[PDB]
Amino acid sequence: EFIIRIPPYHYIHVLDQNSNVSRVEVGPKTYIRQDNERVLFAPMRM
Amino acid sequence: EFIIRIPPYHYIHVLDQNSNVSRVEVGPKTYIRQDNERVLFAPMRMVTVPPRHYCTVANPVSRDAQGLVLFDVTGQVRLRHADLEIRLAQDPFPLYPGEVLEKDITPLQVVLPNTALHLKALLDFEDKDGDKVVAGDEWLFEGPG
Amino acid sequence: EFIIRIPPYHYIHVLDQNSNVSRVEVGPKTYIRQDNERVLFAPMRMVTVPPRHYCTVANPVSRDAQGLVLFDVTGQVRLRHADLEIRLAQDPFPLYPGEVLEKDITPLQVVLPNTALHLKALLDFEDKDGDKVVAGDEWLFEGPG
Amino acid sequence: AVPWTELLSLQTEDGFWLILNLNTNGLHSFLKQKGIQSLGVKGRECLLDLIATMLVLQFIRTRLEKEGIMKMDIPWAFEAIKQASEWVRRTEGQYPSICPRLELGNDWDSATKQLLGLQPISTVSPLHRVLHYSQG
Amino acid sequence: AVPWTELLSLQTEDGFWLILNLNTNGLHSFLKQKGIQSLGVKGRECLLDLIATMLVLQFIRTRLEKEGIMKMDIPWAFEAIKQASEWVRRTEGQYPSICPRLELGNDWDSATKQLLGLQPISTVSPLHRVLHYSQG
Amino acid sequence: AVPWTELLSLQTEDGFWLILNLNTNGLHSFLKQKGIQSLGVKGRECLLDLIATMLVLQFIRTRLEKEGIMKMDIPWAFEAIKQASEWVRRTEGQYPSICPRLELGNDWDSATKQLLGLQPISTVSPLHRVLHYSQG
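Residue numbers (PDB author numbering), protein chains in the order written: chain A, 5 to 50; chain C, 5 to 149; chain C', 5 to 149; chain D, 1570 to 1586, 1594 to 1645, 1651 to 1654, 1662 to 1724; chain D', 1570 to 1586, 1594 to 1645, 1651 to 1654, 1662 to 1724; chain D'', 1570 to 1586, 1594 to 1645, 1651 to 1654, 1662 to 1724. A prime marks a further copy of an entry chain.
Wrong hints could be hidden among the right ones.
The calculated BS3-like cross-link candidates involving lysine-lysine, where the alpha carbons are at most 27 Å apart (straight line), are [to be verified]: (1) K33/C' x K33/A; (2) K1618/D x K1608/D; (3) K124/C' x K1608/D'; (4) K1652/D' x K1618/D; (5) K1701/D x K1642/D'; (6) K1618/D' x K1652/D''; (7) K1608/D' x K1642/D''; (8) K1608/D x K1642/D'; (9) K1608/D' x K1618/D'; (10) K124/C x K1610/D'; (11) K1701/D x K1608/D; (12) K1670/D' x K1652/D''; (13) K1642/D'' x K1670/D'; (14) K1670/D'' x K1618/D''; (15) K1608/D' x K1670/D''; (16) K124/C x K1610/D; (17) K1670/D' x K1652/D'.
Hint data in this document are derived by calculation from the structure and do not stem from the laboratory.
Using the sequences and the hints given, assemble the complete structure.
This is the structure:
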């Protein structure tokens, strides 16, 4: 669950549950979330 | 689970799972943790020590010239490893994480008149008289005190 | 498996399978490995040594004039093979890979008064007095120290 | 109805002293912890003989007070009580205040009666591991 | 009810000393590890005889204190106790402080009572492999 | 309960020394490997008789210490022990430090007790093929 691999030209939304604030991460990057954070859905294409 | 009510003169330890760093919260306060954080145990009393008594705590707090608790760059507390510090009568201090209460509240011993104590120096130190007390030395502490 | 949480004053060893090279990570930090990498074992405590105590570790760390850990060109740590180094009271150092903790935390021995130690030189060395102590020599270490 | 002739069998050849019903090994451990080795081996044995003699005297005096009756001096043991009093009133003067400094009591009445186990002892005193260690 | 006549059989021809119930081989290993060969063979045997004699004296004194009763000097063994005291009070002066330097105790009471096994020993002392090695 | 009269049968005609329970052939191989032929045949036999006599003395002394009791000088063997002590205290002076140089121990206590097999020997010493070669 914790490991998030964003393919090139894809994005996700992850929820900061200490702030109730969501945000996007883009790019051909790998992502690691926190305990508080929660990725909303699977990596969809930009 | 999320609601934490610290009674007056009590403390807990809570673990920052984004840093693997634990910390104390004291006082008559109410506490709310995060999703990442996890309180380790139920609120236990800040240990108090009466007059004519003492205790020793393993791994004491590293402090400055004024007695402020020194911290790490990573939010951790600064200890002195495998040492023991003897604490006299004072306010109900808390126990910072990574510390064990080895000696309990034990009384200061009274030496009766016409009776003395045989004391050995375990480690080389300097006494308040002014002599470099080498380890292995022997002492004669007598008196009614 | 991928998430690695190193507690404060703990370490692990992880294997770079693209280089067959292992390495230590210390500190109160969190760790994420790669696909190639593999953590060897669960996070164990950096071994601490109190005062009036010592330990010996097989295959010690090769160091520079300042005590920095020397490394190999291939990312490996520089050892000194089949040697033993005796470490006195210090901070909780880690054990770099390829090292065995042979002697545990054992106390510095005290010599009672009117009693001495019979010491043999196993290997030719030079003592702090200034004599070339050839192997096979015998010693008389007496004292209350 | 304690064995009395067996008490007459345990009279020593100089005049001092399981029938006594007391934890002797815990008492030796207590007196060793209080530091009785700083008197010599002769002084240690001379003090243990005094403590044992006064303990037997307090036991017999509690027995006689339950019947109703340095002043101990029945026809069957008048000689042993007499030589015990003549021993004690000579050997006590070498050790003044040895009952507080070994932490047994104020005087010999307090010390031997609190070690005899017929009176309760307060909680602030360290005399708890001599009467309750034998109850295991 | 220890065998007493068999204790009278083990009186030596000079006046010193399985019935004692003590690990003797582990005790020899402990005293060898503490370095008793640096006294000569004569000095080693003279010290072992002193340690064994004082161990038997502490055993008999614990037996007599459980009954209630350098000052050891019953009619059936007064001569053996007398010659043992006359031996010990002469041979102890050659070895002052031999109980701390061999790491058995402060004085002979502490050393012989902690080797006798009737009192518990603290954990920082190396006296654990003499009373617990025989429990296998 | 070792055979004692059979030990009295093995007293030699000058006063020196399977009942001993020791690997004798492996001991001869060990002492030959340590180079005992460089002393003459007379010196070799004089050293083997000393080693065997001290081994029997350490065996009997371990037997007497388990019962509790150059100073060895029971009525049934006082003459043999006396002449053995008078032999040993004369013949030991010819061979100083023969126990380290043959690699058996520091002194005669260490050497005869580690060869007797009642104490464990450290692993860095070459004394392993004398107590474990007989266990096959």
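**Item:** Hint check against the structure, violated hint numbers in rising order
**Value:** none
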